[PDB]
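Model the placement of chains B, C, D, E, F, G and H on the given structure of chain A, informed by the hints.
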Amino acid sequence: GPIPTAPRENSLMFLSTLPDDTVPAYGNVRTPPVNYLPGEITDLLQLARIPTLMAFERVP
Amino acid sequence: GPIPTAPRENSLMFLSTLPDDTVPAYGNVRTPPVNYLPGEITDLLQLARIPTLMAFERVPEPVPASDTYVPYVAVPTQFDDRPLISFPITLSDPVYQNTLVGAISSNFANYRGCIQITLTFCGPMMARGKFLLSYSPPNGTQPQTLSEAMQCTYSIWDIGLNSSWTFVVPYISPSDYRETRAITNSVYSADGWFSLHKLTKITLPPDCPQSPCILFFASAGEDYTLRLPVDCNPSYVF
Amino acid sequence: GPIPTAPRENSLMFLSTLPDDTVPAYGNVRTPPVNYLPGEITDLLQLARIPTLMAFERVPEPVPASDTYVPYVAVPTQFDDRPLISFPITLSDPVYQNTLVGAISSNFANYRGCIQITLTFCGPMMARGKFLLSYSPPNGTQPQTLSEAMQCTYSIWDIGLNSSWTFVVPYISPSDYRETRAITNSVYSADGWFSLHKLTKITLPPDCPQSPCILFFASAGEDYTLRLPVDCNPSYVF
Amino acid sequence: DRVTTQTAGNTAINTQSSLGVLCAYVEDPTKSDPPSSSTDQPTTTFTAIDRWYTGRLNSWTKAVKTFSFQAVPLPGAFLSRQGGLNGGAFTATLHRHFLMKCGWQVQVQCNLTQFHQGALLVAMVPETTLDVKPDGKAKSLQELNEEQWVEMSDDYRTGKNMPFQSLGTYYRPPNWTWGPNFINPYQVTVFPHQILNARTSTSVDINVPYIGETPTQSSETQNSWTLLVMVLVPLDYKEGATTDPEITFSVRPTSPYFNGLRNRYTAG
Amino acid sequence: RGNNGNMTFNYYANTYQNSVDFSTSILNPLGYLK
Amino acid sequence: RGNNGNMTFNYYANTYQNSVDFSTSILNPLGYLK
Amino acid sequence: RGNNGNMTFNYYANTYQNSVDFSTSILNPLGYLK
Amino acid sequence: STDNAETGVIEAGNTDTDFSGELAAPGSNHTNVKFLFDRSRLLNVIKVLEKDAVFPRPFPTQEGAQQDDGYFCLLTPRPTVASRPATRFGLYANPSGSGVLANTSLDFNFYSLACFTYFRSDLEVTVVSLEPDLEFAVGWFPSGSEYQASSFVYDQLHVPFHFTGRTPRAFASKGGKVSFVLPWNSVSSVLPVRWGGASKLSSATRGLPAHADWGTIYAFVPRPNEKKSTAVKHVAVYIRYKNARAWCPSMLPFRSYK
Numbered sequence: 435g436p437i438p439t440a441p442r443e444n445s446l447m448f449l450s451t452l453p454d455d456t457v458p459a460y461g462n463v464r465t466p467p468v469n470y471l472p473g474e475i476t477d478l479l480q481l482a483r484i485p486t487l488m489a490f491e492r493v494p
Numbered sequence: 435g436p437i438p439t440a441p442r443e444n445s446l447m448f449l450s451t452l453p454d455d456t457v458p459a460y461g462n463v464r465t466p467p468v469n470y471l472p473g474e475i476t477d478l479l480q481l482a483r484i485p486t487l488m489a490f491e492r493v494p495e496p497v498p499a500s501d502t503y504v505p506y507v508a509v510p511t512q513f514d515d516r517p518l519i520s521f522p523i524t525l526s527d528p529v530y531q532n533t534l535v536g537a538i539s540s541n542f543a544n545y546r547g548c549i550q551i552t553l554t555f556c557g558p559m560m561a562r563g564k565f566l567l568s569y570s571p572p573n574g575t576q577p578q579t580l581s582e583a584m585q586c587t588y589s590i591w592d593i594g595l596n597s598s599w600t601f602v603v604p605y606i607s608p609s610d611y612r613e614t615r616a617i618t619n620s621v622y623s624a625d626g627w628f629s630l631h632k633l634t635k636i637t638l639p640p641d642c643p644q645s646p647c648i649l650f651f652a653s654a655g656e657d658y659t660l661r662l663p664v665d666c667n668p669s670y671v672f
Numbered sequence: 435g436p437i438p439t440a441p442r443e444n445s446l447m448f449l450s451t452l453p454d455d456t457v458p459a460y461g462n463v464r465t466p467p468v469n470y471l472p473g474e475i476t477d478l479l480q481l482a483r484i485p486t487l488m489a490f491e492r493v494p495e496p497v498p499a500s501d502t503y504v505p506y507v508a509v510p511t512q513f514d515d516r517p518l519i520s521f522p523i524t525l526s527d528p529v530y531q532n533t534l535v536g537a538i539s540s541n542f543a544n545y546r547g548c549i550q551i552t553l554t555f556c557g558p559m560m561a562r563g564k565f566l567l568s569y570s571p572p573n574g575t576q577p578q579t580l581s582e583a584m585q586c587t588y589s590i591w592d593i594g595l596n597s598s599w600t601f602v603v604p605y606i607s608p609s610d611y612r613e614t615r616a617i618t619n620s621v622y623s624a625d626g627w628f629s630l631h632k633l634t635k636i637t638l639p640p641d642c643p644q645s646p647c648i649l650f651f652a653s654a655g656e657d658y659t660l661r662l663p664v665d666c667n668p669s670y671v672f
Numbered sequence: 162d163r164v165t166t167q168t169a170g171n172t173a174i175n176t177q178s179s180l181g182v183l184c185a186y187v188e189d190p191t192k193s194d195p196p197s198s199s200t201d202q203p204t205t206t207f208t209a210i211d212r213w214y215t216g217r218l219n220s221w222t223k224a225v226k227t228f229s230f231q232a233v234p235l236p237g238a239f240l241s242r243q244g245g246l247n248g249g250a251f252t253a254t255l256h257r258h259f260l261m262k263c264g265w266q267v268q269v270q271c272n273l274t275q276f277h278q279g280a281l282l283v284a285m286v287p288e289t290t291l292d293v294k295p296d297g298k299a300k301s302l303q304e305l306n307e308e309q310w311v312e313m314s315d316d317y318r319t320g321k322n323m324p325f326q327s328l329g330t331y332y333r334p335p336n337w338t339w340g341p342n343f344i345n346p347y348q349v350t351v352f353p354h355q356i357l358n359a360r361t362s363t364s365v366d367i368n369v370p371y372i373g374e375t376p377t378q379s380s381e382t383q384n385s386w387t388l389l390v391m392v393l394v395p396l397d398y399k400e401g402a403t404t405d406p407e408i409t410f411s412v413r414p415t416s417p418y419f420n421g422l423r424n425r426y427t428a429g
Numbered sequence: 093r094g095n096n097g098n099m100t101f102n103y104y105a106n107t108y109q110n111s112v113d114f115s116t117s142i143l144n145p146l147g148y149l150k
Numbered sequence: 093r094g095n096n097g098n099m100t101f102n103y104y105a106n107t108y109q110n111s112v113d114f115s116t117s142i143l144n145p146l147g148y149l150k
Numbered sequence: 093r094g095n096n097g098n099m100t101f102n103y104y105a106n107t108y109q110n111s112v113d114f115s116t117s142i143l144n145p146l147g148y149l150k
Numbered sequence: 674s675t676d677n678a679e680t681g682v683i684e685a686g687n688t689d690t691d692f693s694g695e696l697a698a699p700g701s702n703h704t705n706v707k708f709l710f711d712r713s714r715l716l717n718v719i720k721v722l723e724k725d726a727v728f729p730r731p732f733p734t735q736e737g738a739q740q741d742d743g744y745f746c747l748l749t750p751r752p753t754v755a756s757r758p759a760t761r762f763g764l765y766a767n768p769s770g771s772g773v774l775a776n777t778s779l780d781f782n783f784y785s786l787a788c789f790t791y792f793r794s795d796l797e798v799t800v801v802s803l804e805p806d807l808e809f810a811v812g813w814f815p816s817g818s819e820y821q822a823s824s825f826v827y828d829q830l831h832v833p834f835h836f837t838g839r840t841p842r843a844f845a846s847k848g849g850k851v852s853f854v855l856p857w858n859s860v861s862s863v864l865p866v867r868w869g870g871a872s873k874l875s876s877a878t879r880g881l882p883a884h885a886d887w888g889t890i891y892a893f894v895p896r897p898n899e900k901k902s903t904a905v906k907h908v909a910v911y912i913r914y915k916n917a918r919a920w921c922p923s924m925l926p927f928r929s930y931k
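Residue numbers (the UniProt record's numbering), protein chains in the order written: chain A, 435 to 494; chain B, 435 to 672; chain C, 435 to 672; chain D, 162 to 429; chain E, 93 to 117, 142 to 150; chain F, 93 to 117, 142 to 150; chain G, 93 to 117, 142 to 150; chain H, 674 to 931.
Since the hints were derived computationally from the structure, they do not count as laboratory data.
Where a beta carbon is used, it is the ideal one built from N, C-alpha and C, also for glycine.
One or more of the hints may lead you astray.
Stated by the list, open to error - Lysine-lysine pairs mimicking BS3-like chemistry, simulated, CA-CA at most 30 Å apart:
id: 1; chain 1: H; residue 1: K724; chain 2: H; residue 2: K850
id: 2; chain 1: H; residue 1: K931; chain 2: H; residue 2: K720
id: 3; chain 1: D; residue 1: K321; chain 2: H; residue 2: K873
id: 4; chain 1: D; residue 1: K300; chain 2: D; residue 2: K321
id: 5; chain 1: C; residue 1: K564; chain 2: C; residue 2: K632
id: 6; chain 1: H; residue 1: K906; chain 2: D; residue 2: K226
id: 7; chain 1: H; residue 1: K847; chain 2: H; residue 2: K720
id: 8; chain 1: D; residue 1: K223; chain 2: B; residue 2: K635
id: 9; chain 1: H; residue 1: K847; chain 2: D; residue 2: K294
id: 10; chain 1: H; residue 1: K850; chain 2: H; residue 2: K931
id: 11; chain 1: D; residue 1: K300; chain 2: B; residue 2: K632
id: 12; chain 1: D; residue 1: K399; chain 2: B; residue 2: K564
id: 13; chain 1: D; residue 1: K192; chain 2: D; residue 2: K298
id: 14; chain 1: D; residue 1: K294; chain 2: H; residue 2: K901
Stated by the list, open to error - Part of the chain A face toward chain H, derived, beta carbon under 10 Å:
id: 15; residue: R464
id: 16; residue: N469
id: 17; residue: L471
This is chain A alone, in the form it adopts within the complex:
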């Protein structure tokens, strides 16, 4: 016999932030390589500490 189960209140919904993945409809594919081009981003904070020119209202 099957294992007894009890569906809880959360049925068939999808949450936008829901930390899980879904079955692919087509898999086992390859891709072009990556490694040749440099300049990765791990965090945008490596991005965030670059100088940037502010902007002000012009004097009258």
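Chains B, C, D, E, F, G and H alone, transformed into the frame defined by chain A:
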């Protein structure tokens, strides 16, 4: 009590490519044996590197017989400085209608790699000529006369005791995979034309017939790999 | 939280052959014992290799009694050169109506292997004759006279102190399994006719009666295996 | 080199300008086993039949067109006796055995001069029916000499020339287009084959072991290896060359397998 | 045997699955001729 | 192989999953020229 | 990483989950001044 | 180079056969034949049974016959006419007139890859109703066998026999879909896509392998016979191939020009 569960959004659907199997409705059966008959297929690429005869439009003498399309080349005696056969590389062009790599490419989407074409002479042994074959990546116009096909990538070829010359179109590319047919004839899907020229005249003694003939083959090389199928063209059935 | 799950397309259905079991609605009960009474059945093939009396159409003297069908052979005294009994091998023919292998084959779809038929004499001990029995795979027509049944596959048989002769129809076949009934009477479902001829006359002294009799049996051999059941024929109940 | 004296039984054929061999799917094709479906003792090979039989095929001229082929079935060739080719003892054997099973050596025949050109194509396709136009009657030895070649119409290309069946007059008469048995002539070199032309060779061989849909098919109905010769480029020759060369062929069975005695076959 | 796919486990114990008996404390043919 | 994700387990035993055969008791090319 | 709770197992093998590459055979800054 | 192709066997040639350059890496393996076919594919649609069924006749059939056509589906990739194995494939383009149109079928896109002569697999039966809010029931019997057709009354209601039997049934949910995989059951050894041969020894149409097939699926509603609606309805059937093998290659269907 039962183990608590939560059904996700994917309920009761069936995906066509869904990599899983289903409970049988009748099982525990046996079958006749297999091993006696030889000739297995593990990959169709063992299939794909067999020679295959191409198909061309007939020169302007339409014989009213059925499907006046010709698997050879009628070399003329006359001196003119335009090539004998020139055809592109787009694997849905009407020169690639029934080649194997064209045929099993016609239902796939992307490939990678080389494409061998070879050519088998057929003529009298006392006849002899010099033929070069040349290939150029996509220029603006099409390379037409012998200087243009000269500079690019070629091989000259003798007539002797053998009868062929294995040629392989090299695989230069922006991106590693390439398409199979061009919905918009872009740089990613075409790779320039292919041609062959007669370099010196065919030379042959008296009382033996004019205008010899050459057959063309087309086969996958070594690196020729395919990927990622697509739905087919049922237009053969109508 | 509960373990995430995804119900597939097979929801709430029940398959008839579905190899699983269901939760009982009342359990933990005992039962009377079993072991005292003997005669178990593990396989019905232990059942299937028991002799069984065949059934034939009566020779043209219809007795108006119920179901004038006869489990023996009335050998005539007269010299003619056509066989005594000739019947095909299709396991739904009206000669295979109540043989066991016919009976438990009538609800299965495919078998493999041999089919024994044997025949028990019954006559006075002072009578004696020579009878051959012969079998041929499917020819164009049916083999009729003694040269045709002679060349194929046969055994002659004496009358002595014993009373039978175990015969086994060999199992020649295109495919290893074979069908049980012929929706289209093809080569896969029939295997040629079977016959027996009288070779020399029955010989018997005076004041003892003419025309002896022979019974026919039909049983599964060793290799006779069955597979893959089908729904039955309820026509016995009407 | 290039001289292959092949001897079997008591016959011995050599073709002095030949090319080699060509096996299929297994490098040594003669190896087999007695079939598992049977139960009777099978009648194996014997040295009186291990033979090259030969037989004449139709000649060929200027007037042929591209892709026009002859095709001979097997072992149905031995039955109807084309071209002065009969199995002889072999037909007298396989009439009397309901199961038959065997593989085949073939080397075909031509010899053009050194002032000719024109390419044939010897190939044996598996499992085809290239001998019937749909009336239901298999064509026989009388109607071969009226054409000398099968002009390769579109109806073999679209699979419209396979024998259909009586539709039954309860229905509508149909509009057929396709059948799974066909010939695509731009494609026919995927089978065991080799270009025979006046370039290099004169006579050349194929070789093939068994294939089948079942361990052993029937005696006189199955036809696995039809062999077909077809012309790709026609011949040209001036006035004085040898007009209309001649074609024959040479068929060898290897390791026959018989099963099941009865009377000699008489068709119903 | 029968027909099952239960080569891993069953849910209930077998005394809840089907009844077992009391305590009174390569196949075979069907009757020889002695 | 084919396409599966069943690197953990299958539910039924394989004799219930697909038929197996009888008992009669880096790739390869397609036919050499000897 | 990303956002997952899959510290026990995934169902499919990872070659069915997402594409992997070919064979051509504490963080870092973004470009020094030499 | 400088080899000649007239020996029948030529290998492939990389870039360094005659040019300067090195061979390229293998890309993928979406090529193996036991992965390429494993795709869910419908072959056709089915009119749903609702009564005591009757099945069509042998090869000729005069008028005045009473059979219920287009209710069975002899599931093979091979061409089929009127739910019995044909040899060619029709397309009724000018259907005006009298006399009933036969149920044709063929697996369209299977041949356009098929460079084979013999084939071997197992399959699965996926069903789906096209009309809304429907509940049905699918049945099946193996190859080399035949459907049972009668009815036995229960409490004045005529109920047919194909509710019960040996061979498996399946009852769907409220507008659900039923699927199960199904193994080999054929008397012959491997499935042919080409055939010589004939059904019987003599006087037979040459070409149709009548017992190298799979079987058939019929659909019917779970209702007694006398409570049947006047509107007819439809349902489709889908097949996905499994664990396939292949032998001794061949050609491809001819492409147009045209």
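Earlier hints that do not hold, by number: 2, 6, 9, 10, 11, 13, 14, 16 and 17
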